[PDB]
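So you can see what is in the structure, the chains are spelled out below.
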Amino acid sequence: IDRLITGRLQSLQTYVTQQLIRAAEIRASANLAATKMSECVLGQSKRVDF
Amino acid sequence: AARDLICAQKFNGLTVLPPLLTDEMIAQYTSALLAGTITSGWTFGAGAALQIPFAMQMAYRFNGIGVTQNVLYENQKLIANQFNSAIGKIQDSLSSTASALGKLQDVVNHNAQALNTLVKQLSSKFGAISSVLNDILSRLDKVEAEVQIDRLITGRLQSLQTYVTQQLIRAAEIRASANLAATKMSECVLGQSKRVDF
Amino acid sequence: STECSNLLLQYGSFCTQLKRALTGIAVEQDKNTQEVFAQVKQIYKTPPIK
Amino acid sequence: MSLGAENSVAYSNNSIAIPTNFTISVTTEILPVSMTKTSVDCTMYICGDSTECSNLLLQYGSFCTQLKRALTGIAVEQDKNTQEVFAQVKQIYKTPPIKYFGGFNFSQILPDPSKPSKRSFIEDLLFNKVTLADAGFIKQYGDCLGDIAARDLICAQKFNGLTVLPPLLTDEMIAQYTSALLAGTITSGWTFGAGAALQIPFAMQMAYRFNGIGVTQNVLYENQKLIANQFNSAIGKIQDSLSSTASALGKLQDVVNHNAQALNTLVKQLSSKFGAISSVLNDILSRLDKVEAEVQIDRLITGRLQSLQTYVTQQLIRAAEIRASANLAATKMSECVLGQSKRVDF
Amino acid sequence: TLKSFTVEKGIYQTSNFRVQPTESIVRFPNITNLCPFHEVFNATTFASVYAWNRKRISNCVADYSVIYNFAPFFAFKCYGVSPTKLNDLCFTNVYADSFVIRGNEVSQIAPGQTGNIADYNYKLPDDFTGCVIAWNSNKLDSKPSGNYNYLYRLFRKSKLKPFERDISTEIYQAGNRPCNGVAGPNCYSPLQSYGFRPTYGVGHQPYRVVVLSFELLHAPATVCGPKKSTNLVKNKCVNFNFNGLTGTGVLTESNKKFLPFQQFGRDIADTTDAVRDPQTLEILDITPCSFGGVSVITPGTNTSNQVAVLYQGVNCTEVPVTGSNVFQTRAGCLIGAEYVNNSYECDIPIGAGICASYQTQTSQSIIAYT
Amino acid sequence: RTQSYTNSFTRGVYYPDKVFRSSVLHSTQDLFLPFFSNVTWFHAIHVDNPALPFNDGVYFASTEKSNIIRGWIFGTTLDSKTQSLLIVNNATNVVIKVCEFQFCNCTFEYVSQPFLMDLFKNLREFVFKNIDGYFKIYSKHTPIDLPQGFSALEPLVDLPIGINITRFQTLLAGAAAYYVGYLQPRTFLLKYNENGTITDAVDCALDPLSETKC
Ligand SMILES: *[C@@H]1O[C@H](CO)[C@@H](O[C@@H]2O[C@H](CO)[C@@H](O)[C@H](O)[C@H]2NC(C)=O)[C@H](O)[C@H]1NC(C)=O
Ligand SMILES: *[C@@H]1O[C@H](CO)[C@@H](O[C@@H]2O[C@H](CO)[C@@H](O)[C@H](O)[C@H]2NC(C)=O)[C@H](O)[C@H]1NC(C)=O
Ligand SMILES: *[C@@H]1O[C@H](CO)[C@@H](O)[C@H](O)[C@H]1NC(C)=O
Ligand SMILES: *[C@@H]1O[C@H](CO)[C@@H](O)[C@H](O)[C@H]1NC(C)=O
Ligand SMILES: *[C@@H]1O[C@H](CO)[C@@H](O)[C@H](O)[C@H]1NC(C)=O
Ligand SMILES: *[C@@H]1O[C@H](CO)[C@@H](O)[C@H](O)[C@H]1NC(C)=O
Ligand SMILES: *[C@@H]1O[C@H](CO)[C@@H](O)[C@H](O)[C@H]1NC(C)=O
Ligand SMILES: *[C@@H]1O[C@H](CO)[C@@H](O)[C@H](O)[C@H]1NC(C)=O
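Protein chains in written order, with the deposited numbering: chain Y, 993 to 1042; chain X, 845 to 1042; chain G, 746 to 795; chain F, 697 to 1042; chain D, 302 to 622, 638 to 678, 689 to 696; chain U, 24 to 70, 80 to 136, 165 to 179, 186 to 210, 215 to 243, 261 to 301.
With the rest of the complex left out, here is chain Y:
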């Protein structure tokens, strides 16, 4: 039971760490989407290739 508990805890910690890194990437993309919505839908944009 101790061996199985150690293995399952390691697998769960790996899953949570990968989900945290993916959440950081998705948060960066969502901040970019909010900036694009504020600067291009609600007004004209003078930035090149934005």
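Don't read these hints as lab results, they were simulated from the structure. A few of these clues could be false.
What the hints assert, rightly or not - Using C-beta positions, here's what the derived DEER-type ranges look like:
1. D:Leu533 to X:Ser975: 53 to 63 angstroms
2. D:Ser659 to X:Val1040: 41 to 51 angstroms
3. U:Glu132 to D:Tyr489: 20 to 30 angstroms
4. G:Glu748 to X:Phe855: 14 to 24 angstroms
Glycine residues also receive a C-beta, built at the ideal position from the N, C-alpha and C atoms.
Take the given structure of chain Y and dock chains X, G, F, D and U with the ligands to it, following the hints.
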């Protein structure tokens, strides 16, 4: 008589380093930025400081947003009174409401709670007979105590690695926020901004 | 405890990695404060007339 | 420490300060784009030519499929990071043979036909100040057979299953993309980023670019020679600053150094015992019987797997930081090279 | 590898390739003498536990399978080595310590264990790598009137070194009164006598103990097993056995200037780099034989089943093996895809400016290009 | 006796094992001689304190040009065992015996060339250690106060003596001069060059700069 958490986390090797810049230096930086913004405009962010009267600077700011400058010089007292009332209103809002600063308080609470969890993980047994190393070293011989100390070492090392990974992720998020704050200082304090809702 | 210390040096070299990570984090926070606030060459002073 | 020189602006409500002269300056900004693409074999790093250790590794989960998938996802992302930054132009433009751009020199940044790599002088200085190791497959898996008395760490990294993949875009193509961007922005301006290339004389698009900062265009046409001399002097000072100081490219050296010392630590982690009796699987299999060597091999497997997981997580965090810097570099290339930016201090 | 039946267009990393070993070579020293255990196990009298006999056995061949025919012991305890693998690898010298103890004291002959006989008479080190043999001696070391031949030490001023022998008998000074060779009220003799009777229980019975201690290499091997040596082979990836050091790789004459006292060679990862051969004094450096990565380049499964194979980092004039086309690349080499002098957009990215695509040739083939 | 005091500089480096290492920096903790300690001169004139404390390993040095320094008499008091090496320098007789008493043919015999063999004054450096019943000898002659530089010492002889040693004396069988230094458990950072010889080392407990270097 009643030990606080700071001494409990200090006695286990979990120390806290001071910031390099004290609060007086940060206040001097912000005072210099405010004085340059009032007495110069945007001209202190490009070269040297060019003095200008503040009414003429705000006339330049209205010419930035597409309003002709005759609006300011005929409505100067109304704009000054509106700005003074706005500053007083934000002063009263900062004095009354206590939940507006929930971003910095979250940083303080997160770091304190992570350190508290790291300290509280020392009480776990991790499958050993005791959570104290001296009890294992005084109750058993060498061979079995090596196994118990190995179990405790593996558990404490896993807890420390979890803490370091969480600190790295939080440091990445804080660095992104600091880059955004530096961009906001460069583009809005040091000059006028044409980006909508920035 | 010298027995735990002997088993810790017998274990591996994770602790140098942890020390390097925390030192890099601390230098990063100092760089963050220096990047945000120190953007002005000279400490200006407001005139006495307000 | 000193925050800076003490200054006080002589403010009064009937006094203004106006400049009568200017200065053209050239500054240098360094930005990382991609990091080293690495690949890790689990079976040869953890056990290595061992049947019993491989069969004990099969008794664990699908950890190494996850590790190989994460490293492949990093390795594709590095090539995507290079592709977004440098490949922002549809057609490879070329400069005319006549190089009189209104008095501006432009000889130290345009490429030369004498060098076989087709890189300019400042690009040669930038490629010389970074002492890069592990550029790809240099040894070609046969250089380590030619045994040298001074053994390097590259053969030891190779012989433990830690390989380094070459990038998709070679430096010749990066130099070609940079030359295309320079030849677009010299002869056309910002027009090559919107549609096709629109030709314009250089001293006229410079007068267009003074109109974007609030200066009328007679200032150029009455002071063309002085501005050209100032630009040439600034270019020469940039050349001298890159020739003298070798610590200016500190951001790109750390990308090499971190990915070298991470693999060095991963190699050095094989010498630990992790609480077992030996760090060599052959000695464990030779000395002990089956049941006890199962325990020793289990301890070594757990230690090496934890070390590999730590390396993969550190690479994931560093790849996220490199991707953020690459997005910033792509935005800087899109908004400042291909146009003119009104953002302050960008 | 993908755990799927339809494979999308691109490049995938399947299982790696290795060069299998051809033969095996066994190397052992030049010694054909026989180790003399016949004066160790059976004897008229054994040494006392305070004065235990140490016998150095070296420069011979030890068959450990005849130990079971020399004494009637129930078990064969060992630390750091298996009992069954004593004939496979080999050591430098073996040490034998034979002495008689009581029934309580069998457990205290162990590393890191204190007590009365372990800290005053015979101390074993915590890194002991050797075997302990104990057996009953009722009909050999007992008398009905009491066997008083063996002695023991029970009072000492300090603790004990690992592998130390104490012979001198001096009267213990347990108090402030000086003894000066007088066994008075506060002074006692350091050695009393064992008393053995056949009427005692099994926990007080005679027990003969032989401790064999080994040394793990660090020297030219002198005592080794009956494994037959084999002639050397070079420039082939083979399985080697250098004095119990096993492994797989190619051996080459080297130019590393070994000092005359040096035998092995270590890398950064603490693996064996070069070995001095035991029979002939020459140096051979060990290199692992050829390996690398295998990549599969394919279009979609519904389109075609043609496959190109990329060998990552391998200059494949050394590959033992797959179409008739071989193309060199800065990332390795490509087999099954021909090179063209045209240039298109990148369909499947291989690397170093090289891509591959499935295109018509007239008739359908996988081509590689810049 | 005429005990005179001097400095040791960076001397006493020996090979910690019998394996080859090239172009690496290896850290070992063992019984070493610390950097910039004080070794003691001796001027024994025959016309002598009969006690030199061992203190877990001893470093010996000799600048003499002949066989005045003969052997060493490792042991404790005169109550049990207590006799040791009888080194002499003609061709042989490296006999080591644990004979009982008889100060002021038992256990071991060693053959062939003796330990001290040299002909521009020579400095013979010896390291005597005794760990866990294993007795180990290191010896190296260097052609040269003590000079400044690095020169390593090679292993010669390991022995199963298994005795407790705390008192010693050299055999002088008239002027002589021999350096005595004491070893302590210390950690070094040995530098190996391309030929596998130690050329430089750093004592990790001397000054904080060396602690940073380690
Ligand atoms: C504006 O500044 C420039 C320098 O950036 C001045 O140009 C220099 O003028 C002096 C005057 O003799 C020359 O000696 C230098 O060689 C000039 N520097 C150059 C050409 O790079 C310019 O004169 C200034 N304009 C004024 C004062 O009206
Ligand atoms: C443009 O810059 C180049 C530098 O690349 C100048 O060429 C150098 O001119 C100096 C004269 O002071 C010579 O000593 C160097 O040998 C030249 N370097 C070369 C040719 O690589 C050039 O003079 C500048 N001006 C023009 C108009 O081209
Ligand atoms: C050593 O081995 C060689 C090779 O067979 C043999 O000729 C020689 O006699 C051996 N030496 C001794 C002393 O047996
Ligand atoms: C020991 O030697 C004797 C005489 O040589 C022999 O009879 C006996 O079988 C041997 N073994 C034992 C266990 O006594
Ligand atoms: C591959 O091997 C051949 C034959 O030894 C050699 O000539 C060549 O230089 C090697 N390397 C490459 C990149 O072809
Ligand atoms: C050695 O001599 C004395 C010890 O009695 C000590 O005070 C002195 O500093 C030492 N000299 C050195 C290290 O040069
Ligand atoms: C060696 O002998 C001394 C005195 O005889 C004693 O105090 C010490 O404990 C012994 N053992 C050591 C140094 O291990
Ligand atoms: C190693 O040996 C070679 C052989 O002559 C010599 O040239 C070189 O200087 C030596 N290197 C060192 C560091 O002693």
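* Asked: When you take the CB atoms of D:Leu533 and X:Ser975, is the distance between them in 53 to 63 angstroms?
  -> holds (57 angstroms)
* If you check the beta carbons of U:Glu132 and D:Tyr489, does the distance land in 20 to 30 angstroms? -> Distance hint for U:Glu132, D:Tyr489 holds at roughly 25 angstroms.
* Asked: Is it true that G:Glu748 and X:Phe855 lie within 14 to 24 angstroms of each other by Cβ?
  -> holds (21 angstroms)
* Does the Cβ distance between D:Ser659 and X:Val1040 fall inside 41 to 51 angstroms? -> At roughly 44 angstroms between Cβ atoms, X:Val1040 and D:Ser659 fall inside 41 to 51 angstroms, so the hint holds.
No hint from the list above goes unmet by this structure.
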